[PDB]
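In structure tokens, the next block holds one chain alone, the form deposited in one PDB entry.
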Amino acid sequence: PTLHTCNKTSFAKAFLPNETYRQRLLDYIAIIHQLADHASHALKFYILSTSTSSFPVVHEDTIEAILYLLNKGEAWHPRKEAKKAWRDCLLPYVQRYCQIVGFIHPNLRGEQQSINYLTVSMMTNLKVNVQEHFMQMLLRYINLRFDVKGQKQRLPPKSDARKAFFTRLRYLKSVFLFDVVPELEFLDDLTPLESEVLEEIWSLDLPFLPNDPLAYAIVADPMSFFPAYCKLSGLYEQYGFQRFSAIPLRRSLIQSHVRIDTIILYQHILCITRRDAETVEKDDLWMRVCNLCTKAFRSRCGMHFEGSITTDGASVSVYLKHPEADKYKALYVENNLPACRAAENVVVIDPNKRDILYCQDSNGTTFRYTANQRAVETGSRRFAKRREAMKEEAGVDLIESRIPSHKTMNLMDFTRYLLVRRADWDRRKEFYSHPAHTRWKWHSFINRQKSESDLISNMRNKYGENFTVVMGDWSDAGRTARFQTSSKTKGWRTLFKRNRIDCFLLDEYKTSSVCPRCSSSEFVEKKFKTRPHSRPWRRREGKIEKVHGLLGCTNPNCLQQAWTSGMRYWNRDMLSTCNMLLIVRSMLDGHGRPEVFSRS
């Protein structure tokens, strides 16, 4: 449920023109960012130093104690046995790490809220990493050990001999996940590679469940897998394969948004005593520093401000909190045909790397939202160029290029990395302290919002005030094919949902191999013509590319006697849009998806 929402507005328009409050909040957020960064680094340092014997169990108390020790040192006096024990255990190396990195103790006062937020965020990052990239990383390690790439490149494809190996590995996956109990003969029959992989997997001491797979165990108790993940990272480093970040480190020196609440407000911004704060209403207390009459603070869908924002000094995130807060396959068009039937107009979109949205309707009014247009309107390319120019002028790129890997588990290498970072820490901090980096983020947000609004307005003008959007199911989410730029595929669903425009998915399978004029796939031609590579550096290198967005039909019926080409040329995006139109018409007419596009 949408219990929370945010209206991101500018810093100038969010707060009243009082320099004292602005300076106080800027200083506070800077201090909290420094504390979070150094706390993540100290946690990594402690884990690597104590890894000589065993991996310590990391809990909320551990990170909280690390943060408190960094801020105050031994002056922190926890009143609970667990926190006291954590402080006693973690104290010895905190000062050593601070001296190594020259970390001067800030001894910030009234850090309760900020330390709690940072500890919660760090534990969240740990849990998210463990959940997301444990199973995936383990399977990646298994495949790397099996050398699946080598077998694929060397062994014949689509053959029973290698289908046998594929089935063998698929069945062994269940044994690795403990879903299927292996027999003694099954274990004996394992080849040396399979036996070694099974033994190494068991060395991680992975948890187990009686009636559920390993993924269910990860979902239920993800935190228990942290030692296994660390050992897997160590194995990755030992074997020489590319390393991965097991412990999340907040290495970015750019100013980061810091939560600011009413307590922080009256402790640092207003600097009034807790006694006086309780005597004033929250809205009245906030009006002294924020213009609540501003549009950004208006209530939407029953949600109110309730005094909670995160600011980075340039853009202010104003969060609207619903009164009911916690107090601290169905999207496909096949299942949404009635909505399309009652829609005033139906528009089908075929996502692509370049043509992010290629739109068409029954009336034939074509519309597209290309990647180049998005780059121009958002300004990502211009901002990247300016950032590169600034880095070259300041020489920051040279400094950063020599920073060792943060993902290494080696203690001495990590110490050298920390020393290198400290060598030019001041220069990079000063460079990234420039307002452009935050102002760049704020301007990127504004440009993206304006581009989305313009896209919606153009679509409404072309197709009408009310219309329904049908989009292909293809989505390069998470993964991204190498040598290809990132593209927005799944965010358009959210964008259309925000603008109260229906967004229904559709299967793109074999939607670029059918000619609409004859509804046949035999005569469709692909990659028939060659031309120099469109990418300038490849073109200079002399490479040649095959056209993918151009398709033609060899069917004589589609041709005309006067033509000399011998084929009816087509646009890949246009073909996909026409095929989607035909599929949607068939579905709405009740005939279902055409048999030509149907799967095997």
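The term rigid core refers to the most C-alpha atoms you can superpose between the two forms while keeping them within 1.5 Å. Positions refer to the first chain, counted from 1. What changes on going to the form deposited in another entry:
Superposing the two forms on their core leaves just one of 287, 198, 280, 403 with a Cα displacement of at least 2 Å between the two forms, namely 198. Residue 486 shows a C-alpha shift below 2 Å between the two forms [criterion: core-superposed Cα displacement of 2 Å]. Superposition of the core reveals a Cα shift of 2 Å or more for residue 176 between the two forms. The two forms, fitted on the rigid core, differ between the two forms by less than 2 Å at the CA of residue 393.
Since we've got the form deposited in one PDB entry here, give me the form deposited in another entry too.
Only a single chain is listed, so you will not see partners or other molecules.
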């Protein structure tokens, strides 16, 4: 739904200073964490075990049955007919998995509430993974087998006659993907290399829709594509391609957040009979453990604190549930011109990798937010070196790095991964049991939250209390270019909304190749200065980096007789912002986007 909000808080403030209640929380979280970790591995183990027959269909009952068997073994006595069949089917494999990993049944009481949350959560991961990444992996497999990486050199670009492969590839993809029915005569033109691809893709047993393409079939029923998706991963390992985790695994040993609701509260925390809870108000139960008077539990926007929290022993996530909720190009500046004209001040931002934000007003005031500032303010860089030092001090790297790949689909290979993981499981848990690992995640949230708040506060001082942000449309929806650090591009579109700041998108086409002072894209030079590589390890290699953020104009109008360089130097980020002001100003004035910056 879309009627919930969360106010994260620390463990100390969330829970009252009661040692008995606090100890149960940590003990309960650890038990649930183990079940979630082993259940995911158990789910994959069952799938791999049956790989030599019809693929087993995975439903909510399948994951739920595994969780109960691990916790209760044979003591689980479901009455649903469907669950009974899965219990017997999964029982031989669950016991076998425990032998490999040495798991011992905790026999936790009142598992149902935790089981249901984990069951849905684990089931969600399968749906999400198949829905989005199924198309990406299948398309990648077609490209890899055709050596599209090497086709760049074999068929050099900038030639018309060499588009045959690209045209050939596009036609084959439609036929292979079954989106378009091929001509029956085309089968005689298949090359031996392409012939194998057609048969291999057919073996995936990809579903079909009589009137819709795969783009809609996957969304309609992602679970139907799960059996094909698992076999697709096997093909990647069969030819050395970069493997992907088709079956999600909760590998991390750090205590994960485990949801604690009203029922779990009396079941395990308060340890009182169900009658004691049924006869007492829901708010009263939580007040005995959690300090509801704190800021985190306060209501907001008509959303009250219905009992639900996820904690990991260092931080607590307090959720607010709206009463009306179930009990259980529109963002571009072009289409929002009427609102922009009413803005007190308009700010244009050109995101980049290093200069994550570079803002400029109509008056020319300059402000920027750099990734280095996040590295210091957020503390991620500090938490990086220190994390490595602890790993080296405890000698976990010597053990952690040798773990066999978990993405393998072969049963024998996966068995080795479990054995190696068990080989040094005891040592690693002691290392990850340190409070620092969970402390860093909570501290990162505070520093990251504090850094974002400071960013908005600084912008308000320079740009006023209320302002409208017109950011460039460029953004990385994942798949960030290699050799470049991660950066926040689409996230800023959400941060402004949380702070009651309107955000709009603008096209950046040709915005970096126009001199604002003469409005001409002809006399512009790019990447003329050179110097040793700024990266210390690349500099030792002797590499030379051509300047990227420096631009200049050779037009006589911009030059002066007293100069010796012969160019009016400009900054890439600042130059882009200046062009945006001209583009935005023209559109606001009714003249539209200038032809200089148009895709003509």
